[PDB]
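Undergrad: Guided by the hints, dock chain B onto chain A, whose structure is given.
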Amino acid sequence: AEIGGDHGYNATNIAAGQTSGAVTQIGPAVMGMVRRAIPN
Amino acid sequence: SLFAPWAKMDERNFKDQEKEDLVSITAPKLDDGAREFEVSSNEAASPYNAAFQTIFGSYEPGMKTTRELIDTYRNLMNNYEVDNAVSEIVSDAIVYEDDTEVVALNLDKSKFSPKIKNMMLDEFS
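Order-wise, the sequence lines are chains A and B.
Here the UniProt record's numbering is used: the first residue of the first sequence is 66, the next is one more, and so on.
Here the UniProt record's numbering is used: the first residue of the second sequence is 7, the next is one more, and so on.
Next up, chain B with everything else stripped away, as it sits in the complex:
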């Protein structure tokens, strides 16, 4: 319940989708993302059977895909003439100079009011 205050919004968001008319869709609403888990509603007749098979089915590979890739990516980066690529990209991507700008919010489109712009800019900082 440590993130229960977050869950409150998330539950609302999920419910707003349940109450939405985005129906009669054969396709998954999956563009680029997460591992898919599928259960029926049916007054929760069997979400737990599916969940346990899904959990242990996932345990089988043990996230070796992600695990091996991150370790690999690090082992790759750890090499000479590899770090240079990474570092140059990062350097070009994130630029700092003497007393200059860094990533910054730019509210150049219509906004409700200048006051909100100020609030957003303070939050960005």
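Pulled out of the complex, with its shape left as it was, chain A reads as follows:
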């Protein structure tokens, strides 16, 4: 009755792909990035 368990909403752990279940992840699927823009 293996589960993937879950994360604690603790970014520290999430960032490492760490869950409470049978498996862990590689990391949290990076979604790209946002840089602040330059003014006119």
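It cannot be assumed that every hint is accurate.
To list a few chain B residues with every Cβ distance to chain A over 10 Å, as calculated [as the list claims (entries may be wrong)]:
{"hint": "1", "residue": "15"}
{"hint": "2", "residue": "22"}
{"hint": "3", "residue": "26"}
{"hint": "4", "residue": "32"}
{"hint": "5", "residue": "67"}
{"hint": "6", "residue": "83"}
{"hint": "7", "residue": "104"}
{"hint": "8", "residue": "105"}
{"hint": "9", "residue": "112"}
{"hint": "10", "residue": "123"}
{"hint": "11", "residue": "127"}
Among chain A residues calculated to face chain B with C-beta under 8 Å, some are [to be verified]:
{"hint": "12", "residue": "97"}
{"hint": "13", "residue": "100"}
{"hint": "14", "residue": "103"}
Simulated from the structure, these hints should not be mistaken for laboratory data.
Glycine included, each C-beta is placed from N, C-alpha and C at the ideal position.
TA: Structure of chain B alone, referenced to chain A:
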């Protein structure tokens, strides 16, 4: 947006290249041409940082290369026995005579139809 109607085709052309399989090329597709500007795609993560450095990096020389050369070329041409070279070349290159031909389109290869040839010739004129 003054040339937006032109841009419509240019955007298409660019996209046709994006949709093309001319990939896995280490070499630039640059034979003889324009100043090279390089950015990532990456959902436009930083084209603007590169653009500003490129713009001001270009501002530094201030196109002095082109600027000095054109001014130089003119200053050269402005001299005696220099214009003669230029003018003779131009004269030999572009020839006019009494009621004669000038550069002209010559459709001597297979064409879709004579009608198109006529259309092209009218456009050339």
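Undergrad: Give a verdict on every hint.
TA: Results of checking the hints against the structure:
1. Listed as a non-interface residue, residue 15 (chain B) keeps its Cβ farther than 10 Å from every Cβ of chain A; the least gap is roughly 30 Å.
2. The claim that residue 22 (chain B) lies off the interface holds: its Cβ sits roughly 26 Å from the closest Cβ of chain A, which is beyond the 10 Å cut-off.
3. The claim that residue 26 (chain B) lies off the interface holds: its Cβ sits roughly 25 Å from the closest Cβ of chain A, which is beyond the 10 Å cut-off.
4. Residue 32 (chain B), annotated as away from the interface, keeps every beta carbon of chain A farther than 10 Å; the closest lies near 25 Å.
5. Listed as a non-interface residue, residue 67 (chain B) keeps its Cβ farther than 10 Å from every Cβ of chain A; the least gap is roughly 22 Å.
6. With a least beta-carbon separation of about 41 Å from chain A, residue 83 (chain B) lies farther than 10 Å from that chain, consistent with its non-interface assignment.
7. Every CB of chain A is more than 10 Å from the CB of residue 104 (chain B) (nearest about 60 Å), matching its label as outside the interface.
8. With a cut of 10 Å on Cβ distances, residue 105 (chain B) stays outside the contact zone with chain A, its closest approach being about 59 Å.
9. Every C-beta of chain A lies more than 10 Å from that of residue 112 (chain B), the closest at about 52 Å, which supports listing it as non-interface.
10. No beta-carbon of chain A is positioned within 10 Å of the beta-carbon of residue 123 (chain B); the least distance is around 52 Å.
11. Once the 10 Å rule is applied to beta carbons, residue 127 (chain B) is consistent with being away from chain A; the minimum gap is 50 Å.
12. At a threshold of 8 Å, the smallest CB-CB gap from residue 97 (chain A) to chain B is about 5 Å, leaving the interface hint in force.
13. The closest approach between the C-beta of residue 100 (chain A) and any C-beta of chain B is roughly 6 Å, which is under the 8 Å cut-off, so the hint is satisfied.
14. A cut of 8 Å between beta carbons decides the hint on residue 103 (chain A): the least distance to chain B is about 6 Å, and the hint holds.
In this structure, none of the earlier numbered hints is contradicted; all agree with it.
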